[PDB]
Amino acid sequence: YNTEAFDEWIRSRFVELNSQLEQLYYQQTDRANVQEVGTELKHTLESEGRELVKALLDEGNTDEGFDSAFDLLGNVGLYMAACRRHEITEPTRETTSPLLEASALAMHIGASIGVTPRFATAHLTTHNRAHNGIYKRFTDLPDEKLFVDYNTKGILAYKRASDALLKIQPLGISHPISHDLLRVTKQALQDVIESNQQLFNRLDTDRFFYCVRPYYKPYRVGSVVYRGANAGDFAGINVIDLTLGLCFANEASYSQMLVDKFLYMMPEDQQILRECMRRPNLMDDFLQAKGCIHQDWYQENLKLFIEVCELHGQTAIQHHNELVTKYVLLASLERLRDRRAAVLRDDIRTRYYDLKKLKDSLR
């Protein structure tokens, strides 16, 4: 009953509170400011949530399967995420989370099922259950809905793309069916392009920067600081990077990057991702077959392969100049985006010269 009670709260009262609070913040001239404004609604949010959590730290260890645990972790994470937004909790300001009940329960479940002890992308996107059309959310703001909905669509599209690329491994780059898989990959990547363009042309730049993004901030769970969930927190996009050979696992900078996000994705994705790190990539296969340049399968599949790559880089630059350039680690972000777009660089390694070498093979 308690678990169900906490979920109902998250899907009702929880939304009203954050919404009413966003209305207050959006009024002031600062708008980003939180210091002194809705100190009354904040107490109600923290207090109500905390009691529901405490009433849960009793039957929140019975183990009702992975899905139930992850879902419960979501609600607790969602609650803690809001608290961080309303600065009811702050990382640097503190030495350890002031939310004792919620922290202990979060860390208990996360370590139990192998995921970070906080709100992760899957909680609001791919694994956010809807009850009569209504699913989990922080506020009732139309812009939050546009962000979540299109992120979910983009994420699912990236999964359709990675799934097709993986099915090539047992066939080989010269198999005729690989052409079809390559085409399926292209369509999925185009859906990502379309999906993002839609988001960029319907999202309110101001409503998102002041009423949506602040919920995706880093916060402490126990004494450790856990950064906020990202749109790339899933296997899909990374599987594509490795399989296409646009990224290299043999480099410290990249492997460390993957290590810092494994816990932020589903256990299934973590395993699929890990495996990609120790498998051959399509780029290097086409390069080792430079001599078969005159073969029909070579020019037919290579052509498609190249389009897939330039298509993936395309979505890398757009995403960057939209959710990054507008709203320290920015260099690493540019690095990743340059690797995906196989852009010409000299400070780091890029598939630019290799990709160019192949394109010229087809003349």
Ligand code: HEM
The other form holds:
There are 4 protein chains.
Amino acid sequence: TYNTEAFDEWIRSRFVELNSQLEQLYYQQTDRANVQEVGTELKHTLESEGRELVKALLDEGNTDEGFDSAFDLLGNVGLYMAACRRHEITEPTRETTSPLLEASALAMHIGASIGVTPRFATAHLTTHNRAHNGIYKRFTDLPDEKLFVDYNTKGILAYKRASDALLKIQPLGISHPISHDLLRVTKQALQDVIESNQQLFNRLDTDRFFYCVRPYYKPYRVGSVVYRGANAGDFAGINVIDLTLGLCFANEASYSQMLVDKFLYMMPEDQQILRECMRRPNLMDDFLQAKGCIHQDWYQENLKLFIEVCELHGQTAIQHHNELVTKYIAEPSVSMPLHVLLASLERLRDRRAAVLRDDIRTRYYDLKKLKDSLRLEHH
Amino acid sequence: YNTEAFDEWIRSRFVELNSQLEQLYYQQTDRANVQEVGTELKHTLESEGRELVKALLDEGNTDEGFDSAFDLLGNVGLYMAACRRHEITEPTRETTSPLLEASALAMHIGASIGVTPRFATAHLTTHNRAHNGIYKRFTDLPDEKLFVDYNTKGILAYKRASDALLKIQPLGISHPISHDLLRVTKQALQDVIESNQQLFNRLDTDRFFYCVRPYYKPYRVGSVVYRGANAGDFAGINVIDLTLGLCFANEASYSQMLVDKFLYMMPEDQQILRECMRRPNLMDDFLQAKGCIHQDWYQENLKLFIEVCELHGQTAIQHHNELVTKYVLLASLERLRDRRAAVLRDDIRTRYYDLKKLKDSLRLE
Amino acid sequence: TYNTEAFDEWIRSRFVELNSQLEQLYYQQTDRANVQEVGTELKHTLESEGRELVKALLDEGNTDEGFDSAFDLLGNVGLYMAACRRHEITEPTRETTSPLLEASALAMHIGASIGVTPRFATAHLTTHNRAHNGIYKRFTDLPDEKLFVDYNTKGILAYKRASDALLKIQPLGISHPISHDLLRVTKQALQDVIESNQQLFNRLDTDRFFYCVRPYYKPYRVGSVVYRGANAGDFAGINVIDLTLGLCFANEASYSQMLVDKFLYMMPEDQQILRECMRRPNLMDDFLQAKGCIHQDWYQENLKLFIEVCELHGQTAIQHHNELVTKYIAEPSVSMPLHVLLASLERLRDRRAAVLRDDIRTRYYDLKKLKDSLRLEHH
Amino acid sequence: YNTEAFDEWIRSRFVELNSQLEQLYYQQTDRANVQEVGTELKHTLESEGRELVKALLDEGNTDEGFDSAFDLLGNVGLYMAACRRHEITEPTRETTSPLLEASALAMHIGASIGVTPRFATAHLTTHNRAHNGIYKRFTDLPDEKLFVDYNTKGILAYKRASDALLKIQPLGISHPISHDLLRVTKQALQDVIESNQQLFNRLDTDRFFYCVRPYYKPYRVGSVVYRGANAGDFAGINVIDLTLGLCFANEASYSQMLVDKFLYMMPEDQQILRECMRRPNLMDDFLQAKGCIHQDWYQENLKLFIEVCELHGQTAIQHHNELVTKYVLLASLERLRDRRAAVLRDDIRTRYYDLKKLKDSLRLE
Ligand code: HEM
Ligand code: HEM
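Please supply the corresponding structure for the form solved in complex with the ligand (the preceding block corresponds to the form deposited without the ligand).
Below is the whole assembly, all chains and molecules, this chain first.
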């Protein structure tokens, strides 16, 4: 694993220096978002040194060191390609196919060999970013990047705690007393998300993030195909909650399509779990079907807690869209299909908040029926 | 409708018969005696259950999915377990099981889905589906419900602890996020201490030993004798042992224990457990990071790491001096409790010294 | 499974009648490839009856009857959508999104839920086409369709026999005596393919196939995304042979991309096996590395048989391209990106035949070195 | 390098020591005796192997992948099996295994990958990697090579038969393509008959019973006794039994047999086998298609189907009267051979009548 080590050590050293030093130049500019005619020397070094190290890896050909080893390597290749994209060394709408031949072949080889997208994925920097003596992979040494990544990690892990609790209710049923504890575990995990997102909101520098962090999550070509950038939402957890709570519907083209466009962007194990939720029942419909149990102790106790969980999830979606996406994407973007991705994100936030709409299906009425169901039972 | 017919029976008459039978046993002076008592109730339980099982055995091969099959196997196991409790079947008395139909069915399902052909802990705890608030049980006794509910709470708390620990593996012990997982682990283990305490302060020692425990006895399935389920039949607890490095897979005593429980947990738990047997542990990781002693992450993470090991080892003594003390291989149970607690011993390998070295490693700071 | 049964029984009855009767009209025409202003009544019935049956299924929502049941249902939905595409009831370059709302949602739901493409796949009509009292799913009752499907099935099954034998050599090694038998089993299976393809070549009606069979394998939209038609080559087997024999290379963008574009078009189990071959060694390189064993009995005996297998595979690719694709696609198409897909198919045939080229990597030299290696050893 | 050091030993000195030892045993008059003979060679085999194993046990947890671990377990099992053959270790003589290091290592790997902690058939047959033409073996005797090679050929032929049969399931018995799979199945089963015949006509009855078979004896791993491998330890053969409907998973006798062999085959073979236990079979399918008697597919497919059942049942008698006849649970071996052959019996359920009904069903045509 000499060649593999050599590339990783490069990613954890010079790679960070080159990008950092390059970000310094971009920030000094007046445009700040411009990359043309700047750091031309640093770009050649980053491209050159990375390619050689990658080329050494591409020579070894087929290797089977296990999923973790392969995924880690693919991450470095993706981190490398992502940087080249940020610095305009490679640009999709400018090419017909990727100019980074070696890296593309290697990335497409590993990705297809382990069932993941042939590029940098969220897990590469968050849940599966191995730290060496305290430092883990990063594009730059900027404090704002670390804040973004760490809080995405905290957020993601909090959602996993919430989806795991929800999945354990399935075998017990909504009337099970133990389901009341899982429901509370779920509630706490979702609150950890609200808190996690708040801290990020109160510490991340809006400007530094939009000009020095975000530009590394851009779409770029791998081979001839264009692959979009990773999202902090690329993991089963969040969608597992949507389906299990019944807030979203797999039978709707809009939602299933979204799942399809993200499967390869998460771990194989997360894909398996997500797909399975698409053919399992949900708690919403369960409670709705238990109308003749309205005067049951477990019903009032569990429905009450359930409804609270549905609200927290919707709260977390409003917090994300209304606050996070708003303060670091929409605003800085108006100053410097954007209105399209914003509109999709809205239907998503409203789908979780269960608001009233006529253009899309929502649980507003179902949730209201259940809320008004708890009224009749407190007697 | 046969599956449901049997399930509905298990959730109704089955509970009545056992309950009514437990009433007779308790009135006795011996109370542990079952000979010449409830002979009528025993015949009914055996008879009604067999007929319902026989109807199922006729359908032959069925593939309704893992959950459906496991649930059915649970009812068959619950039925056979009852028969064992009431002496309708007794291992040291037989050469092979007298419950022919139930045995065939149980062995068929179990082997078909990779689980033991009898009632397993998950059948009554994590995978016990409730209907309108009531879930499978042997009797309607309050002490059974206390035992099962707290075993469930305990088990689920351990799963939260093992899941947090496994997420550190890809991040490493020096990762800042590993400090949060380590704290999540600490909290989950505390939930176990609290969970066990509540059980200790509410369960009726007598009712449990004469009306609850006798349903977890060993009985024959076919010609083979299969031991009773244990609240410790799940990956979680052993995942923590290996990940924290408190136990060693390279030791016959421990790997044998794992082998004797694999079939007693869910296939998914088996997969996870086996995997931990070929993965590194945090203990050795910290020990190998001696040249990082003056690192911020080393001081912070290690402290919590040691607090985690102490909560686990300590939560071990509590259990050891409870379901084992108040109620052959006694030594094998002491070594297990000693490895977890990392006590000092000369007969078995322990982390006592390694843990002390690490505790005193925080000293310099 | 009433609604599921109702739809299947429809697919096996009226569906076949409507398409058949419709094919009769198209054939009578002078253009014969025209579909405008013809069978307008039959089209409305096919579209109408199918949609209603699908709509009934879409209502049931999430169901978990097992992989086989779900895959079978998805097949009927795909068969239905494919027909609508053939009859121009739906056309990709004419739409922005699919006009078949219910069918799209259902197809995308099942597909994503079990990890397969949301449309009709080769297995749906070949290896996983269940027959009822002798009759299995089909678009029409035409004899030429049955010939096409049956021989694709025979061909596919023969390739599976060849890939399975090759994979069993891996744990034994190329010098193992038992590997000589597997190598012979492989040789026989590949010959069954040559024979299978020959029979198809000598019995299929070139015209009927191009105007009455092939038009059902066209690309159509599912939701907003366009999904290409199934190919008799959508299964692990063929590519497993390519990689195990070392005739193709996973480290090349061109090949890995091709694998990615077909994974969802085969069974999950075939995907698993294929991906794994991308990180395993191959026999070609093994033999090349055993140069200091040239005077070994197993070497001459096994290398000789190996080289024969490589030739048969290449023979089967030439037979397919030069004969089959030529007589039923290229010619009838010149009479009535086509030159693009033909060019890709050529690089593929030459990759297996191991011919000499400068534009792509081939085993021509490696195979020649090994052939000339057997000469030195027969002494 | 420890893994390779042990493997290279198994492929060199290990073979020499055992071979040289077999020479001494054969010269004797008893020939089956091992007491007071080759005492020097035994010490060397035990000593050299243990040291190499001890080096491996030190590395602790390793995750080099299933193939690497399984291969290593095989060497450890081959080593322990030899020690058993030479009486260096004997089950009915011990309470626990005297080979401490080897036991721990074997139990560790086996449990970590889900296989029995000893030498399994695949270790010498389908998964025995050859180096420059030579693959793992206990001795250099020609009769061992004959036994192993033909077991391998037999096994691979059965895998071809089970794979063809499983591909009919999704197509159905009335599918035209099922007629080809049925013929592929027929040919594969014939390859088995031929394979077994060659073994019968070449293997030296004496050399095999005194120099080959004694290496497949049962021995202790830890404290548990694990039986020796059988050329029948793989899914294939049992997949054919269930798919053809010749055997029944709902019968304790058969499901128990499956349970006692799962760990003796590859995890992938276990998965496939278990699944067959909850799937339909062709026998019952044909029986249920009585109102299709005058169908073309019914006549053609059924004929070949019956020829397949007869080849299997007949290939059973051959084996039964060979490795069992020429060389307790003898009855359980008769019933198995009788279910496969579908003979007439009153003590166990068989397909004799069902098969006769189907044979006479072709009569009307
Ligand atoms: C200021 C920081 C953040 C910003 C600027 C941000 C921005 C975005 C953007 C613009 C998208 C849309 C997808 C695309 O077109 O690529 C997205 C998706 C998503 N984000 Fe964030 N994000 C932030 C933090 C977080 C955190 C901490 C979480 C927690 C896990 C998270 C979870 C998600 C989810 C789950 C999705 C998908 C939509 C859905 O299914 O509802 N994000 N984010
Ligand atoms: C006259 C009958 C047949 C014709 C017209 C035909 C045509 C084609 C076409 C045009 C393609 C290109 C893919 C696309 O753009 O969709 C293709 C692919 C393929 N065909 Fe056929 N085919 C026939 C029979 C068969 C049979 C019997 C087999 C046997 C399994 C088969 C195996 C393949 C393979 C494996 C591929 C992929 C290319 C590769 O990886 O080499 N085809 N076929």
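Residue numbers count along the first chain shown, from 1. If you superpose the two forms and keep the largest set of C-alpha atoms that fall within 1.5 Å, you have the rigid core.
- Annotation: the position in 322, 300, 48, 67 displaced by at least 2 Å at CA between the two forms, with the core superposed, corresponds to 322.
- Superposed on the core, the two forms differ at residue 58, whose C-alpha moves 2.2 Å between the two forms.
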